[PDB]
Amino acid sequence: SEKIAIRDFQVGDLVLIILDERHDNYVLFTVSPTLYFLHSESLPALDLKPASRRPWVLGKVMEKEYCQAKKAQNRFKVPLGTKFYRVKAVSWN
């Protein structure tokens, strides 16, 4: 049976996707100090939307992209220089 990854996310991992209101974004539930932000493109297929939002959904990792915040005002509400991932995911059930 499949388990949910909570760190070191790989393509094909099952993940718990949760709302992070501080960063105005969905993230992967993790014990890591690194932020894994859900790519905006993946929201529709997970029955998620860009005013109250569902707290969590299960998904499967399809893609991840390494990023560094090079502008202070960014869509992720992270400080300048933050190193993070953007993750595309699809639904699982």
Second form
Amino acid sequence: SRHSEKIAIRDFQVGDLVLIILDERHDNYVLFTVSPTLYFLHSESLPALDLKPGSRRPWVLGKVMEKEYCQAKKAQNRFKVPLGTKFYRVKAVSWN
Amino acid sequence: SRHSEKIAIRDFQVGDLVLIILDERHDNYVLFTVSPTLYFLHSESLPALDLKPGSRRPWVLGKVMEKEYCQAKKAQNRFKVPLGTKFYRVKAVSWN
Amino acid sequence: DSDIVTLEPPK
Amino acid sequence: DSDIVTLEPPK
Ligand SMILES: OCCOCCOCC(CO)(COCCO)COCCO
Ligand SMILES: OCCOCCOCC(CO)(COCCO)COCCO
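Given the form solved without its partner chain above, I would also like to look at the protein as it appears in the form solved in complex with its partner chain.
Everything in the complex follows now, all chains and molecules, and the chain you saw is the first one.
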């Protein structure tokens, strides 16, 4: 009986309910998606979601509040992606 | 711009849009879910979803049309679950 | 066919 | 901070 609990899985827009999951390969939280594009959770959003950086909560529901398209310009980078990867950084808040 | 493409992730009901994914540990398609309960795709549903039994499509969207609660009564069973596991079998059809 | 049994049919 | 660059800010 969860009429409202339906998540977006791609093409994320402000206001979408999303599942935020731990990605151990990139050592970061990401949006669950069917797309191959990566949507990393912005480090700013972790406190609002009761998540911690670096028991470790495997998923949380949130709402997208902002998205930014970015590119890795160093092979050593915060998201452990190959040089040149284009990806999104997403700020999300907790959901009711 | 996918207003309608929002999936249920637990407590599945008839009519829910769901993501059906390959589970290689159980060698079967399952509903993507945050619950630890398993929701296996019924073998009857594979043709309707353009899936094949046993390139192998990693996911497809579908709508739940029926769910049945079941228990494994043999340690060797079709879903590779431990003896005694209770789980659901779900019939789903393709989505628009 | 008897590897699994139905506990609760569809509601 | 320069490991990544912004290509497109939020719309
Ligand atoms: O991140 C992996 C790449 O994802 C893009 C393809 O989507 C795959 C999904 C969604 O991520 C993986 O499910 C595991 C997610 O935690 C669903 O597909 C099931 C394949 O068995
Ligand atoms: O099936 C594994 C058990 O699932 C129950 C917990 O949900 C875990 C999820 C959803 O299945 C796994 O994402 C991988 C799914 O393909 C989301 O959690 C992310 C943890 O990193």
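What we label the rigid core is the largest C-alpha set whose atoms superpose within 1.5 Å from one form to the other. Residues that one form lacks are left out of the comparison. Numbering follows the first chain given and starts at 1.
Comparing the shared residues between the two forms on a common core, the single stretch of 3 or more consecutive C-alphas each displaced by at least 2 Å is 1-3.
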